[PDB]
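Q: Now for the letters of each chain:
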Amino acid sequence: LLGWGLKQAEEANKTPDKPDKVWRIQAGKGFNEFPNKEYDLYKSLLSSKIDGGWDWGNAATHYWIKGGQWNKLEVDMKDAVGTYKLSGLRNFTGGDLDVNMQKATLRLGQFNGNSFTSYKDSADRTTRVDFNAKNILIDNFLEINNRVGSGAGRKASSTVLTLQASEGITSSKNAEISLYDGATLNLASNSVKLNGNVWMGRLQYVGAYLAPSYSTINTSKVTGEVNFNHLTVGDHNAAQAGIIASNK
Amino acid sequence: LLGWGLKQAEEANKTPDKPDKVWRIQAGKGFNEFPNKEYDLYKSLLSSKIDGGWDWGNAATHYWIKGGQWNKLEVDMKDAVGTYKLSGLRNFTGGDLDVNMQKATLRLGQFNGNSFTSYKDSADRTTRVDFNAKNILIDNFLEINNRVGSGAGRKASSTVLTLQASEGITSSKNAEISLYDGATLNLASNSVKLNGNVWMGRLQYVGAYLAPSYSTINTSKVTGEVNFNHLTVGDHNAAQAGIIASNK
Amino acid sequence: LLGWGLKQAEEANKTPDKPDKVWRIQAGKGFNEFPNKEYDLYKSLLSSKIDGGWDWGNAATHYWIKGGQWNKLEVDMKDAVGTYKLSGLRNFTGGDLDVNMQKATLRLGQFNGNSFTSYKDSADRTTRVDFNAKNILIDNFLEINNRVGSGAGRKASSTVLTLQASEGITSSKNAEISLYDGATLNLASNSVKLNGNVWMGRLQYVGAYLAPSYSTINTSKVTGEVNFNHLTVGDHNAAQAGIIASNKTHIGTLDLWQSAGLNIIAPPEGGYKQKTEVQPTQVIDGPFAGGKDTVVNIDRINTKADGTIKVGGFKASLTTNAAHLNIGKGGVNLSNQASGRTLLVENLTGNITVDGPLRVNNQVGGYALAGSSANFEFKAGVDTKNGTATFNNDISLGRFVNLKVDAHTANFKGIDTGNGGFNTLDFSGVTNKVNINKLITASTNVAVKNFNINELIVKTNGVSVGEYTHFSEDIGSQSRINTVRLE
Numbered sequence: 027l028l029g030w031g032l033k034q035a036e037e038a039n040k041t042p043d044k045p046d047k048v049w050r051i052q053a054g055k056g057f058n059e060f061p062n063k064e065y066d067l068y069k070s071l072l073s074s075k076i077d078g079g080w081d082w083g084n085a086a087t088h089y090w091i092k093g094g095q096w097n098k099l100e101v102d103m104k105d106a107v108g109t110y111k112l113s114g115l116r117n118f119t120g121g122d123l124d125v126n127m128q129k130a131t132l133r134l135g136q137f138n139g140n141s142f143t144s145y146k147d148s149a150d151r152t153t154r155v156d157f158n159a160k161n162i163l164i165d166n167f168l169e170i171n172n173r174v175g176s177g178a179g180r181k182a183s184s185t186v187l188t189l190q191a192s193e194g195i196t197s198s199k200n201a202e203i204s205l206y207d208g209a210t211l212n213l214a215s216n217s218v219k220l221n222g223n224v225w226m227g228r229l230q231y232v233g234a235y236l237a238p239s240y241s242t243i244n245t246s247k248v249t250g251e252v253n254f255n256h257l258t259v260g261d262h263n264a265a266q267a268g269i270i271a272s273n274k
Numbered sequence: 027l028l029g030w031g032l033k034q035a036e037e038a039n040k041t042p043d044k045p046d047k048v049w050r051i052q053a054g055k056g057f058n059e060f061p062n063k064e065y066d067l068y069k070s071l072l073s074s075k076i077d078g079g080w081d082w083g084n085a086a087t088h089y090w091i092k093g094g095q096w097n098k099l100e101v102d103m104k105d106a107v108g109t110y111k112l113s114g115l116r117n118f119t120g121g122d123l124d125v126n127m128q129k130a131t132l133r134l135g136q137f138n139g140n141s142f143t144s145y146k147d148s149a150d151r152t153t154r155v156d157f158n159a160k161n162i163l164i165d166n167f168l169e170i171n172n173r174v175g176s177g178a179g180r181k182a183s184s185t186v187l188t189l190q191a192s193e194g195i196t197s198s199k200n201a202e203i204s205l206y207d208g209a210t211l212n213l214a215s216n217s218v219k220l221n222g223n224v225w226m227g228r229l230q231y232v233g234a235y236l237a238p239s240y241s242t243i244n245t246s247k248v249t250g251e252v253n254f255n256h257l258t259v260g261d262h263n264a265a266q267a268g269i270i271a272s273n274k
Numbered sequence: 027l028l029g030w031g032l033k034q035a036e037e038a039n040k041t042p043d044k045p046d047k048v049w050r051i052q053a054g055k056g057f058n059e060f061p062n063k064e065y066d067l068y069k070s071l072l073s074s075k076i077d078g079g080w081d082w083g084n085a086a087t088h089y090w091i092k093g094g095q096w097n098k099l100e101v102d103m104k105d106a107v108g109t110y111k112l113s114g115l116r117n118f119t120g121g122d123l124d125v126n127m128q129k130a131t132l133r134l135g136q137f138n139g140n141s142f143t144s145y146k147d148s149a150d151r152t153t154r155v156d157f158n159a160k161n162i163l164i165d166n167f168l169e170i171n172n173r174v175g176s177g178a179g180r181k182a183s184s185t186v187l188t189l190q191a192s193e194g195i196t197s198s199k200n201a202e203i204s205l206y207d208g209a210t211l212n213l214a215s216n217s218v219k220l221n222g223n224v225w226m227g228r229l230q231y232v233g234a235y236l237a238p239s240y241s242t243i244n245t246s247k248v249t250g251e252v253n254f255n256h257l258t259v260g261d262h263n264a265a266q267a268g269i270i271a272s273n274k275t276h277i278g279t280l281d282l283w284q285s286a287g288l289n290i291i292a293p294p295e296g297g298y299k335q336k337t338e339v340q341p342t343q344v345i346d347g348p349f350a351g352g353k354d355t356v357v358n359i360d361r362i363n364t365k366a367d368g369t370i371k372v373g374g375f376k377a378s379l380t381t382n383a384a385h386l387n388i389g390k391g392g393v394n395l396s397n398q399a400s401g402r403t404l405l406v407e408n409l410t411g412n413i414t415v416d417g418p419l420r421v422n423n424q425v426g427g428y429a430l431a432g433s434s435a436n437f438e439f440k441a442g443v444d445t446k447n448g449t450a451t452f453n454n455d456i457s458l459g460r461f462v463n464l465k466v467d468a469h470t471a472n473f474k475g476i477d478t479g480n481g482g483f484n485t486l487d488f489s490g491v492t493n494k495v496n497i498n499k500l501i502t503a504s505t506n507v508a509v510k511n512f513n514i515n516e517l518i519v520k521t522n523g524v525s526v527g528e529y530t531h532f533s534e535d536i537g538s539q540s541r542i543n544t545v546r547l548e
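Protein chains in written order, with the deposited numbering: chain I, 27 to 274; chain A, 27 to 274; chain F, 27 to 299, 335 to 548.
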């Protein structure tokens with residue numbers, strides 16, 4: 027009921043969280059010399075300190091970092107060369123990623139999209155899912171702060187996606203980007219062309235027609251070209267989104 | 027998932043409930059000599075052993091008989107003469123009425139319709155709301171096994187309306203009869219002309235598009251003329267109602 | 027919120043209570059041979075198995091029978107002779123007295139009145155304070171179901187006084203009988219003359235202006251003469267009392283409040299006569350009719366109207382099933398507040414015979430302000446529809462006062478509205494005859510369906526225009542005016 031002028035404003039200057047267990051996976055040699063190999067990145071690197079599981083009751087999958095949903099995973103590459111697909115990183119609840127990939131190419135989907143969800147605990151934490159790639163190349167759909175399963179279970183709090191490409195972000199034609207009730211999106215790239223469905227705000231739940239559902243695509247640091255194709259806000263509710271662009 | 031061939035069949039031959047506190051209000055003299063007076067019946071008789079209240083959380087009103095929703099109220103008139111409106115008996119949860127009104131005229135609405143709801147306790151009891159009037163004359167809308175408030179709170183189990191007029195039942199033009207997920211309706215009258223909206227099955231809840239919602243209008247004992255005008259089954263679900271008529 | 031038609035009806039056929047410790051004090055010899063001795067009865071007999079005490083917090087005294095407020099005290103005299111004062115039996119909570127005093131004289135006050143209060147426990151018990159005297163002779167004030175102390179503490183539930191004199195009950199002049207929120211009073215005597223203040227319903231608490239406060243004086247078994255002097259119902263609340271009399275009633279002054287109710291109800295034409338658990342049969346009745354020789358001889362109807370301002374009136378009202386309603390020579394008075402006060406003199410199965418001057422602010426003319434529409438109202442024969450509202454005395458309507466009669470045959474002797482004007486002189490309920498014998502109109506709204514107003518005065522009203530004698534509805538077939546005089 028506060029409005030996006032207030033609901034986004036409370037989340038501008040925050041400390042990230044209180045994470046213990048700061049895992050520091052350093053991908054050393056081997057990855058640093060194959061520019062065209064098409065690594066998977068979820069399995070050839072990241073499934074070591076990311077454990078899946080089952081959320082007992084109304085789940086498809088269940089993910090965190092390590093031992094509860096309040097532990098940081100930081101990856102220190104800064105010189106790894108190649109290209110990396112995710113292809114199915116779905117219902118990642120987790121918290122405090124920063125996949126730091128200088129001179130590395132990303133892909134967030136190959137036959138399967140991704141997800142970066144939060145949980146509504148007693149602390150109400152933002153997951154702060156970060157990326158630091160060179161070309162991100164969304165290429166399949168991405169759902170940020172999506173519904174975990176069907177209504178019940180551990181509810182989804184606010185969450186943040188942050189992207190730090192340095193050379194460009196495209197998106198696929200049917201890459202339905204649909205970020206929800208608390209989900210944001212920062213960008214630090216240029217030539218942003220989200221050429222598929224961009225869907226700010228939706229029914230997070232099938233019966234919540236009274237959803238405030240303030241979302242944000244905070245592209246305030248885009249140094250180049252912004253372009254959408256299909257911006258569709260509002261679905262059976264008062265979905266009042268917002269965009270802080272970069273003056274074009 | 028059982029289907030109305032099974033879901034109605036489990037409720038054919040049941041004991042009513044286990045009611046303690048069998049209240050026996052006998053309306054004696056005074057009522058027995060004014061054929062045209064237009065009594066109210068909820069207030070001039072029935073509000074004595076029916077206590078209202080508040081359901082703490084998502085309610086409009088709150089009703090039972092006396093001290094919890096598991097007590098019987100029986101009324102022994104059998105010779106009272108006159109006419110009786112209800113005009114607002116809404117969110118009556120209660121249980122085990124049998125308003126026995128020989129040679130008495132009824133009305134179930136005057137500027138305000140009624141309701142006869144159940145609760146989903148650990149016993150899963152049918153309220154067995156009975157009537158034994160001479161002319162019932164619905165005349166405003168009636169919602170049986172309706173949603174109590176908005177979704178949450180004490181859920182609504184199956185319930186039964188039973189009517190035993192002996193001379194006729196009409197209904198008003200906008201008298202939207204909409205009985206829901208477990209609600210039935212027996213009749214023992216004749217010249218049944220439910221000339222308004224008859225609505226078997228609906229979304230009991232705003233997000234329950236997967237509702238089975240088997241309802242019934244068991245007019246198996248109508249000795250005369252059956253007539254509807256607007257029979258509308260199904261609302262965003264697989265509402266599979268049924269009717270056991272009386273061979274016409 | 028149930029109303030006295032329900033609130034009294036739940037207490038008709040009840041088991042008394044569940045009392046243990048049934049004390050049986052038998053006053054033997056000694057008491058049985060002094061007819062004129064003037065015993066005290068509280069101290070020479072009854073203080074043995076009645077223990078006083080202190081209610082810790084907001085009390086004056088504290089009383090019960092023996093060891094908690096749920097024990098019976100029964101006294102078995104049946105032949106004791108003499109006279110017995112109480113003189114101070116106050117804040118008796120107790121429960122289940124029946125002081126059985128055949129051929130014995132009582133007195134309920136001598137320099138000090140009495141009290142018979144209840145407690146609101148988890149059982150909500152009626153104390154059933156009984157008496158079985160020969161002459162009771164109230165003689166000082168008595169407060170039944172009074173406030174115990176000041177607001178807090180153990181609250182007062184419903185309670186019952188029952189009296190069974192066999193020869194007579196008087197009362198003193200300042201014997202302010204004021205029974206409250208649940209208090210009743212049965213009588214089985216004759217020649218009842220409660221010649222002091224009789225006060226049904228009051229603020230039981232000083233801040234409870236929203237008090238329902240249904241009380242009862244159920245004199246249904248009085249075989250002789252009923253008489254009040256000062257019947258005053260209503261005190262800053264909707265005190266809606268009731269009386270079930272014994273087919274003859276005279277009251278004196280009726281000082282009703284703004285929003286007071288009253289249900290003077292006669293006897294009928296034939297008069298009066335785990336495990337599943339079966340509750341007993343609760344016999345309840347609708348509003349029936351009083352018998353043939355059933356008369357309500359009210360001789361004054363006043364109004365106590367002050368305090369706050371509501372957007373309508375307040376409608377002090379009575380109700381009668383008796384075959385007549387003879388409102389005597391004091392007639393009708395009405396104190397007028399800023400808003401427009403209302404007076405429902407309803408009679409279900411009878412007539413309305415007002416033989417008195419209809420005053421307002423204690424004057425007959427009674428001019429009123431703009432917002433104040435003093436809506437006098439009468440309903441003669443609602444459910445029988447042969448009820449005449451006869452005003453055998455000349456009425457006079459001043460300004461912003463509104464006679465309306467909804468009867469079967471509204472007889473009159475003269476209606477004077479034109480001096481003050483602005484009179485909605487409605488007669489819409491009146492079936493056939495509105496037999497007005499004289500009419501004064503200057504600025505009136507006389508809407509009569511059928512009449513024979515055999516004299517007509519149509520006055521002027523100065524320089525004010527648009528204001529005139531106004532037959533605003535159908536005049537009909539059998540209409541008649543035997544004299545028109547345009548002045």
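Be careful, since some hints might not be right.
What the hints assert, rightly or not - Pairs of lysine-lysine, DSS-like flavour, derived with a Cα cap of 30 Å: (1) F/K44 x A/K181; (2) I/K146 x A/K181; (3) A/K69 x F/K146; (4) F/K40 x F/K376; (5) F/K181 x A/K69; (6) F/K160 x F/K63; (7) I/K160 x I/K219; (8) A/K146 x I/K181; (9) A/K63 x F/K160; (10) I/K146 x A/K146; (11) F/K446 x A/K47; (12) F/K353 x A/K129; (13) A/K44 x F/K44; (14) I/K92 x I/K63; (15) A/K55 x F/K446; (16) F/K274 x F/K181; (17) I/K199 x I/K247; (18) A/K63 x F/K336; (19) A/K47 x F/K44; (20) F/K129 x A/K69; (21) F/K160 x A/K47; (22) I/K33 x I/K129; (23) A/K104 x F/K146; (24) F/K40 x A/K104; (25) F/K365 x F/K219; (26) A/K92 x F/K181; (27) F/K129 x F/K390; (28) I/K44 x I/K104.
To be verified - Pair by pair, the computed Cβ-Cβ distance ranges are: (29) I/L257 x A/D261: 15 to 23 Å; (30) A/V259 x I/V259: 46 to 54 Å; (31) F/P341 x A/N273: 41 to 49 Å; (32) A/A86 x I/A271: 43 to 51 Å; (33) F/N58 x A/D46: 50 to 58 Å; (34) A/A86 x F/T369: 25 to 33 Å; (35) F/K299 x A/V259: 22 to 30 Å; (36) F/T337 x A/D261: 44 to 52 Å; (37) F/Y231 x A/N255: 32 to 40 Å.
Please keep in mind that the hints were generated in silico from the structure rather than gathered at the bench.
Where is the CB? At the ideal position from N, CA and C, for every residue including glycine.
Q: None of the hints should be skipped; say for each whether it holds.
A: Now for the hints, and whether the structure bears them out:
no. : hint                        : in the structure
1   : F/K44 x A/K181              : 39 Å, violated
2   : I/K146 x A/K181             : 25 Å, holds
3   : A/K69 x F/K146              : 26 Å, holds
4   : F/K40 x F/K376              : 33 Å, violated
5   : F/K181 x A/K69              : 28 Å, holds
6   : F/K160 x F/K63              : 16 Å, holds
7   : I/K160 x I/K219             : 15 Å, holds
8   : A/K146 x I/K181             : 25 Å, holds
9   : A/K63 x F/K160              : 45 Å, violated
10  : I/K146 x A/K146             : 29 Å, holds
11  : F/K446 x A/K47              : 42 Å, violated
12  : F/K353 x A/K129             : 28 Å, holds
13  : A/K44 x F/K44               : 27 Å, holds
14  : I/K92 x I/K63               : 29 Å, holds
15  : A/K55 x F/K446              : 20 Å, holds
16  : F/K274 x F/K181             : 36 Å, violated
17  : I/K199 x I/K247             : 24 Å, holds
18  : A/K63 x F/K336              : 40 Å, violated
19  : A/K47 x F/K44               : 18 Å, holds
20  : F/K129 x A/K69              : 46 Å, violated
21  : F/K160 x A/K47              : 42 Å, violated
22  : I/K33 x I/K129              : 36 Å, violated
23  : A/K104 x F/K146             : 37 Å, violated
24  : F/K40 x A/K104              : 24 Å, holds
25  : F/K365 x F/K219             : 24 Å, holds
26  : A/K92 x F/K181              : 23 Å, holds
27  : F/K129 x F/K390             : 41 Å, violated
28  : I/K44 x I/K104              : 25 Å, holds
29  : I/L257 x A/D261: 15 to 23 Å : 32 Å, violated
30  : A/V259 x I/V259: 46 to 54 Å : 36 Å, violated
31  : F/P341 x A/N273: 41 to 49 Å : 44 Å, holds
32  : A/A86 x I/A271: 43 to 51 Å  : 46 Å, holds
33  : F/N58 x A/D46: 50 to 58 Å   : 51 Å, holds
34  : A/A86 x F/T369: 25 to 33 Å  : 30 Å, holds
35  : F/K299 x A/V259: 22 to 30 Å : 56 Å, violated
36  : F/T337 x A/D261: 44 to 52 Å : 39 Å, violated
37  : F/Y231 x A/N255: 32 to 40 Å : 56 Å, violated
When held up to the earlier numbered hints, the structure conflicts with 1, 4, 9, 11, 16, 18, 20, 21, 22, 23, 27, 29, 30, 35, 36, 37 and fits the remainder.
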